[PDB]
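S.K.: These are the residues of each chain, in order.
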Amino acid sequence: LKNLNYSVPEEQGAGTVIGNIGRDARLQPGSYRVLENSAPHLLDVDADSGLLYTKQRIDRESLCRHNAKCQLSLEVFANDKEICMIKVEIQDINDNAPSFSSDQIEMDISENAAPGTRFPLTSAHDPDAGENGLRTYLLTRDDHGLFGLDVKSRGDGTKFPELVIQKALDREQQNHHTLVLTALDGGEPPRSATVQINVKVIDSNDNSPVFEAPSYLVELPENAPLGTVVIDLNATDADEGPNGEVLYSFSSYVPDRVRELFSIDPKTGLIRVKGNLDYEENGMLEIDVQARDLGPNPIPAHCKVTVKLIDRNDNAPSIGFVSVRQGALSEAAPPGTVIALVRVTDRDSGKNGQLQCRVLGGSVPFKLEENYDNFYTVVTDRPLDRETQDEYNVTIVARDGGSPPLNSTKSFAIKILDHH
Amino acid sequence: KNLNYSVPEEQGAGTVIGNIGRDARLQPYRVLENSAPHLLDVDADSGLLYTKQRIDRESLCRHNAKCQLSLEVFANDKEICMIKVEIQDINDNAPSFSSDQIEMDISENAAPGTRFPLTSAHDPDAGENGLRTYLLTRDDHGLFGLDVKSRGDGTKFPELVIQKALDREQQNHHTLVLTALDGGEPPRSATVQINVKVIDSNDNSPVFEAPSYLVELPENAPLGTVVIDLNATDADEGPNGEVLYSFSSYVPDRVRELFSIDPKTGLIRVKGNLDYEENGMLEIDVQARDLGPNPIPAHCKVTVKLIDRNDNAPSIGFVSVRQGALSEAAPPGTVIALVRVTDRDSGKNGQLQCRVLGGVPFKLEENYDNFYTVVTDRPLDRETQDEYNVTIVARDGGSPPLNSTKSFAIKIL
Ligand SMILES: *[C@@H]1O[C@H](CO[C@@H]2O[C@@H](C)[C@@H](O)[C@@H](O)[C@@H]2O)[C@@H](O[C@@H]2O[C@H](CO)[C@@H](O[C@@H]3O[C@H](CO[C@H]4O[C@H](CO)[C@@H](O)[C@H](O)[C@@H]4O)[C@@H](O)[C@H](O)[C@@H]3O)[C@H](O)[C@H]2NC(C)=O)[C@H](O)[C@H]1NC(C)=O
Ligand SMILES: *[C@@H]1O[C@H](CO[C@@H]2O[C@@H](C)[C@@H](O)[C@@H](O)[C@@H]2O)[C@@H](O[C@@H]2O[C@H](CO)[C@@H](O)[C@H](O)[C@H]2NC(C)=O)[C@H](O)[C@H]1NC(C)=O
Ligand SMILES: *[C@@H]1O[C@H](CO[C@@H]2O[C@@H](C)[C@@H](O)[C@@H](O)[C@@H]2O)[C@@H](O[C@@H]2O[C@H](CO)[C@@H](O)[C@H](O)[C@H]2NC(C)=O)[C@H](O)[C@H]1NC(C)=O
Ligand SMILES: *[C@@H]1O[C@H](CO)[C@@H](O[C@@H]2O[C@H](CO)[C@@H](O)[C@H](O)[C@H]2NC(C)=O)[C@H](O)[C@H]1NC(C)=O
Ligand SMILES: *[C@@H]1O[C@H](CO)[C@@H](O)[C@H](O)[C@H]1NC(C)=O
Ligand SMILES: *[C@@H]1O[C@H](CO)[C@@H](O)[C@H](O)[C@H]1NC(C)=O
Ligand SMILES: *[C@H]1O[C@H](CO)[C@@H](O)[C@H](O)[C@@H]1O
Ligand SMILES: *[C@H]1O[C@H](CO)[C@@H](O)[C@H](O)[C@@H]1O
Ligand SMILES: *[C@H]1O[C@H](CO)[C@@H](O)[C@H](O)[C@@H]1O
Ligand SMILES: *[C@H]1O[C@H](CO)[C@@H](O)[C@H](O)[C@@H]1O
Ligand SMILES: [Ca+2]
Ligand SMILES: [Ca+2]
Ligand SMILES: [Ca+2]
Ligand SMILES: [Ca+2]
Ligand SMILES: [Ca+2]
Ligand SMILES: [Ca+2]
Ligand SMILES: [Ca+2]
Ligand SMILES: [Ca+2]
Ligand SMILES: [Ca+2]
Ligand SMILES: [Ca+2]
Ligand SMILES: [Ca+2]
Ligand SMILES: [Ca+2]
Ligand SMILES: [Ca+2]
Ligand SMILES: [Ca+2]
Ligand SMILES: [Ca+2]
Ligand SMILES: [Ca+2]
Ligand SMILES: [Ca+2]
Ligand SMILES: [Ca+2]
Ligand SMILES: [Ca+2]
Ligand SMILES: [Ca+2]
Numbered sequence: 001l002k003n004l005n006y007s008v009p010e011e012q013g014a015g016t017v018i019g020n021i022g023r024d025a026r027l028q029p045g046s047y048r049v050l051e052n053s054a055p056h057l058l059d060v061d062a063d064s065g066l067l068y069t070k071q072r073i074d075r076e077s078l079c080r081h082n083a084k085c086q087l088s089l090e091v092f093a094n095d096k097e098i099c100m101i102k103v104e105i106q107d108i109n110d111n112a113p114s115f116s117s118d119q120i121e122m123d124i125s126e127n128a129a130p131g132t133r134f135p136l137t138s139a140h141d142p143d144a145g146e147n148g149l150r151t152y153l154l155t156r157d158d159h160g161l162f163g164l165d166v167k168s169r170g171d172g173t174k175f176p177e178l179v180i181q182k183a184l185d186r187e188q189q190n191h192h193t194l195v196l197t198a199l200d201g202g203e204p205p206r207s208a209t210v211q212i213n214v215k216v217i218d219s220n221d222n223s224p225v226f227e228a229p230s231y232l233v234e235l236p237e238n239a240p241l242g243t244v245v246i247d248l249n250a251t252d253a254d255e256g257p258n259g260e261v262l263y264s265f266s267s268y269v270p271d272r273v274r275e276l277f278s279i280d281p282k283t284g285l286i287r288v289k290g291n292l293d294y295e296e297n298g299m300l301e302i303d304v305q306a307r308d309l310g311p312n313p314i315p316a317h318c319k320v321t322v323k324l325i326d327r328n329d330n331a332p333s334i335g336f337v338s339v340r341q342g343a344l345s346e347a348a349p350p351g352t353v354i355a356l357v358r359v360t361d362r363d364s365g366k367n368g369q370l371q372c373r374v375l376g377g392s393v394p395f396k397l398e399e400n401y402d403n404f405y406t407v408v409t410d411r412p413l414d415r416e417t418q419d420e421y422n423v424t425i426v427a428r429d430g431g432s433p434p435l436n437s438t439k440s441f442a443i444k445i446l447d448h449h
Numbered sequence: 002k003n004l005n006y007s008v009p010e011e012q013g014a015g016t017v018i019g020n021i022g023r024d025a026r027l028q029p047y048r049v050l051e052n053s054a055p056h057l058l059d060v061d062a063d064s065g066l067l068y069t070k071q072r073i074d075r076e077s078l079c080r081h082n083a084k085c086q087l088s089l090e091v092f093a094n095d096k097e098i099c100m101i102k103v104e105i106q107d108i109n110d111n112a113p114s115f116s117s118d119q120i121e122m123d124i125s126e127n128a129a130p131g132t133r134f135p136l137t138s139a140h141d142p143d144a145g146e147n148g149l150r151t152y153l154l155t156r157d158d159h160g161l162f163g164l165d166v167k168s169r170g171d172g173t174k175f176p177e178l179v180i181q182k183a184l185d186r187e188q189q190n191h192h193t194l195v196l197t198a199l200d201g202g203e204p205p206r207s208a209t210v211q212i213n214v215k216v217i218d219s220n221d222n223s224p225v226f227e228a229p230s231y232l233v234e235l236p237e238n239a240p241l242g243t244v245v246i247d248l249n250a251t252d253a254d255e256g257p258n259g260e261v262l263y264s265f266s267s268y269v270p271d272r273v274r275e276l277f278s279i280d281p282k283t284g285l286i287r288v289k290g291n292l293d294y295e296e297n298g299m300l301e302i303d304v305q306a307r308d309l310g311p312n313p314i315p316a317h318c319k320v321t322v323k324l325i326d327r328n329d330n331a332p333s334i335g336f337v338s339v340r341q342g343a344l345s346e347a348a349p350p351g352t353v354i355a356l357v358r359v360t361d362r363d364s365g366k367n368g369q370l371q372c373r374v375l376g377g393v394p395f396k397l398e399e400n401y402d403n404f405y406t407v408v409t410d411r412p413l414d415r416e417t418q419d420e421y422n423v424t425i426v427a428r429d430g431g432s433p434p435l436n437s438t439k440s441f442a443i444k445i446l
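The listed protein sequences correspond, in order, to chains C and A.
With the entry's author numbering applied, the first sequence covers 1 to 29, 45 to 377, 392 to 449.
With the entry's author numbering applied, the second sequence covers 2 to 29, 47 to 377, 393 to 446.
Chain C with its partners taken away, still in its complex shape:
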């Protein structure tokens, strides 16, 4: 009766001699019969030599998986009535490295990810047992610690990693990242395996449109021809796709009239004339544009284009009699006798509305006397005794200071009570 305890590395060569029962147990000298055995396909003893040998190669991972202890039993009988209990352990060697399901994974991370957020990653697997199994994961974060790593265990004592966002992300600062996750096992020959993580930084609508300048001032000549270009506004959004697709439109509080007068093309941003711009109607107008991106929760942006009109001499002067005497002027009417009161006007402004008026001949004896703003008195010029005329067809002329100028005329008749 004798126990024997062996222990042998895995991946032994087929036909490797494990032991010598006869010599190790101190039996005689002969016959070595096998009573029973855990694995007949793996271990056998030569009947006439007492040598215990491997029948095939032995992969401890295929036999005992992760078990810390891995044993094979064998019960032999020796020459002439002596029994031996052989038990041999198969030791683990670090002949396997941790392995990932791929060499590269790809993920979709929005730049809106809050710092601290954590993201799944594929775990690695080491079939080796004990100290030769999975030890930990480690990251190679190239972007000065933008990404971190969290390592957590599960019930069986195996670990899995997860990505951490240690500081915020910004697509518009870096669109893509690539960082390498490695898995390390224990054992004196440390086995490792790596995987590249290729992360797409998704766009979040975090940029407002921006007009080249908040305010503009544009001069246009009044009565400008339809379709005249007013201005091409340009707004830019640094986001992607629709988040960075600008749409222009008239603000809510631009008056209807202005909407009648101008047309803005929604995609170009071109403001062009749509109606006749009368200076006498309105000196200058305000066009309040707004631009918005076509993303969700869109960000509006306001701009202000002041159109300042230029007055052109497009109104001739008008003449209007407030009161006129009749046809009965006395021969001896003193110089300065009032004959009529008149107004002259010009809707234009500046030189275009600057008037100068005169009588057709005064050769007839009448003077025009300007008393008030746009108010003239036509009176008698001379005594009506030497150059006496039976009837007069007085005609007033008004002339503005335009380029070119404009003039209008208007007549009335008067008689003298001359020969009686």
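The reader is advised that the hints may include incorrect statements.
Restricting the straight-line Cα-Cα distance to at most 25 Å, the calculated cross-link-like pairs of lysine-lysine (PhoX-like) are [unchecked claim]: (1) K96(C) / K84(C); (2) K2(C) / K102(C); (3) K215(A) / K174(C); (4) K323(A) / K366(A); (5) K174(A) / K167(C); (6) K215(A) / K182(A); (7) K174(C) / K167(A); (8) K366(C) / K439(C); (9) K70(C) / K84(C); (10) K215(C) / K182(C); (11) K366(C) / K319(C); (12) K182(A) / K84(A); (13) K396(C) / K444(A); (14) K167(A) / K167(C); (15) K289(C) / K319(C).
Hints are computed from structural coordinates only; laboratory data are not their basis.
Position chain A with the ligands against the provided structure of chain C, taking the given hints into account.
M.R.: Only chain A with the ligands this time, still in chain C's reference frame:
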């Protein structure tokens, strides 16, 4: 032969555990060295092993799955025996919480999915008689849920889950019951009340009673006259629900000169003289904001419509007065001067009627809008005057009316 017994805990005092004599095949028993002198003893002359007191497996072996007591007795003629008896667990304990009520402070702003710690329970019993799981009683339409998670040992702990959003303004407090259940065929349970105070987050804007108002006031109204008392309400708590009034960013300065709004009441009152002729009606754009963080503004608009009073007498102005001396035989109707009358008021208050002092020989003849010609009335002779002090009178149609006069002198040559 050793003797191996196994007996439930909390046995009756003096319960017979075993019979040494029969089990070990011996003869009729002194105790040499036993594990527990107070728990088990053997009757000297019968060989019977009995309990001396109760056995609480929890007090002896705590959570240990196996719980054993040794005992060494002998019998006549050097008959040595090894007795060993295991104590089985029974579910004589329920899970227990450190209290019967917890209270929590959860803000209504808590994101759905958020989870909150809760106190765990403890069962002293062993194995299947220990803590099994927790269960919640959420009475308010499944407002809150429960997550149960294991620890390194295999012990479980609960935490509250917010499965959908909360709203203080809809329900200020909640109370829900968390119970812990153990295994064992008599299933033991123990409960704890969670009293959760729902904190306010500034999630309500102020609200004016109406977006727009229209108020009439008489021009030149006396200082301090009340224009309107605005009222805005915020349904939030504390500063989050504290209304503050102010004039909007885009109301012209002049209006700011004309009106005063009290920041806390919301009372808009007159601060300057309201001249109708300056501006017929004005717009006062008020805003109310709560005193919480990221405050929510709200806009209201009060249009002040003025009423015109006859506060402008009529003004007279000579456009032309010719010379200071007319012709002796000037025909009736000779123009002597052109004059204009005006009144800054509107309506009847600005409706004028004018006349000359006499008919002296001068008429007033209105030719155009607010334009009159003073002419000679009749033929100039048979009179004791050389120069005339002509005086014009204008009279408006106010209540009461107003009148102004203005004179000029002319001579006869
Ligand atoms: C909005 O963005 C446009 C385009 O973006 C530019 O692209 C190039 C130039 C880059 O280098 C950047 O600098 C810019 O962002 C800016 O440029 C306008 O482009 C339009 C589109 O082509 C131009 O319109 C052209 O006008 C030509 C006629 O030129 C006239 O002006 C000269 C100067 O005196 C004058 O001598 C001539 O006789 C004409 O009167 C015409 O031949 C062509 O077909 C086309 O119509 C436009 O001219 C450019 N800007 C301006 C102000 O003219 C814009 O700068 C930007 N908007 C604004 C308001 O700045
Ligand atoms: C803003 O509120 C004031 C006063 O508030 C009132 O408070 C209570 C006394 C009760 O009357 C509540 O209904 C009110 O909110 C208003 O001033 C009063 O208005 C009521 C009209 O129902 C009138 O009978 C009173 O004479 C007013 N003055 C008082 C009570 O001193 C005011 O009208 C409110 N503003 C607006 C725009 O509605
Ligand atoms: C021209 O006459 C007016 C009016 O004076 C008199 O008014 C009545 C009493 C009547 O008797 C008329 O015949 C008179 O002409 C003078 O203007 C006002 O005169 C009063 C004194 O009577 C004086 O208190 C006022 O201040 C004067 N002005 C006004 C606006 O009332 C005026 O002075 C006379 N002379 C000239 C050059 O105009
Ligand atoms: C308008 O005319 C009336 C009279 O025609 C003037 O009335 C007088 O006003 C004084 C005060 O200035 C009173 O003391 C008198 O009793 C009034 N007299 C009469 C007869 O009513 C009044 O002054 C004129 N208005 C202006 C601005 O001159
Ligand atoms: C008066 O003169 C104007 C301008 O020459 C002329 O048009 C008009 O016919 C004349 N009047 C008469 C009655 O001929
Ligand atoms: C005035 O207008 C008339 C229009 O018939 C024109 O013939 C004349 O040349 C003009 N005169 C001046 C000075 O502009
Ligand atoms: C892990 O580390 C080893 C070095 O021990 C490398 O050989 C391997 O490629 C992996 O990077
Ligand atoms: C980690 O490193 C290995 C080198 O052994 C690569 O093959 C792998 O793609 C990852 O970069
Ligand atoms: C836990 O469950 C028991 C029944 O198993 C109840 O009786 C007890 O009140 C508690 O709710
Ligand atoms: C659970 O039951 C206990 C009583 O045992 C209470 O503390 C609680 O109110 C809940 O009903
Ligand atoms: Ca192997
Ligand atoms: Ca390994
Ligand atoms: Ca191995
Ligand atoms: Ca960004
Ligand atoms: Ca972005
Ligand atoms: Ca954008
Ligand atoms: Ca453009
Ligand atoms: Ca015009
Ligand atoms: Ca013009
Ligand atoms: Ca003109
Ligand atoms: Ca007990
Ligand atoms: Ca229990
Ligand atoms: Ca128990
Ligand atoms: Ca709320
Ligand atoms: Ca709230
Ligand atoms: Ca109020
Ligand atoms: Ca609020
Ligand atoms: Ca006034
Ligand atoms: Ca008035
Ligand atoms: Ca008046």
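S.K.: Run every hint past the structure and note whether it holds.
M.R.: Hints and how they fare:
no.: 1; hint: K96(C) / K84(C); in the structure: 32 Å, violated
no.: 2; hint: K2(C) / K102(C); in the structure: 11 Å, holds
no.: 3; hint: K215(A) / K174(C); in the structure: 39 Å, violated
no.: 4; hint: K323(A) / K366(A); in the structure: 19 Å, holds
no.: 5; hint: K174(A) / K167(C); in the structure: 18 Å, holds
no.: 6; hint: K215(A) / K182(A); in the structure: 16 Å, holds
no.: 7; hint: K174(C) / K167(A); in the structure: 18 Å, holds
no.: 8; hint: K366(C) / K439(C); in the structure: 22 Å, holds
no.: 9; hint: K70(C) / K84(C); in the structure: 21 Å, holds
no.: 10; hint: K215(C) / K182(C); in the structure: 16 Å, holds
no.: 11; hint: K366(C) / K319(C); in the structure: 31 Å, violated
no.: 12; hint: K182(A) / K84(A); in the structure: 46 Å, violated
no.: 13; hint: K396(C) / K444(A); in the structure: 22 Å, holds
no.: 14; hint: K167(A) / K167(C); in the structure: 15 Å, holds
no.: 15; hint: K289(C) / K319(C); in the structure: 18 Å, holds
Checked against the numbered hints above, the structure breaks hints 1, 3, 11 and 12 and satisfies the rest.
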